[PDB]
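Not every chain is included here, but those present sit where they belong.
In order of appearance the chains are A, B and C, and numbering begins at 1 in each one.
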Amino acid sequence: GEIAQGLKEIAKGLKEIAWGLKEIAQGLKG
Amino acid sequence: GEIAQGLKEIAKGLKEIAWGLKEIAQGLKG
Amino acid sequence: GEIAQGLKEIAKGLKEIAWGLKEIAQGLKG
């Protein structure tokens, strides 16, 4: 369903945010 | 559907936030 | 529809947050 798909896309967005935080961590580390 | 589309736009907003975090990481790195 | 429009406005809010993060990145860079 399309609503379920929208929720799954939101989840993917949150995972992208997590990756961004990991990049910040690498930036702090050096 | 329009509600599903709204959820998909929210997901895109989250992806933009992720990109902002990546830019912050680059800003720390230099 | 008005509920869908509300979701779309939320998405726009998230994009504004992303722009704020990009400004923070620029602030760190200089």
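Here, a residue touches a chain if its C-beta (ideal position, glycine included) is under 8 Å from a C-beta of that chain, and two chains touch if they have at least 3 such contacts.
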Homomeric complex, total chain copies (3 given): 9
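In this text, only the chains that are shown with their structure count from here on.
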Chain centre separation in whole Å, for subunit B relative to subunit A (CA means): 8
Contacting residues of subunit C [partner subunit B, same complex]: 1, 3-8, 10-15, 17-22, 24-29
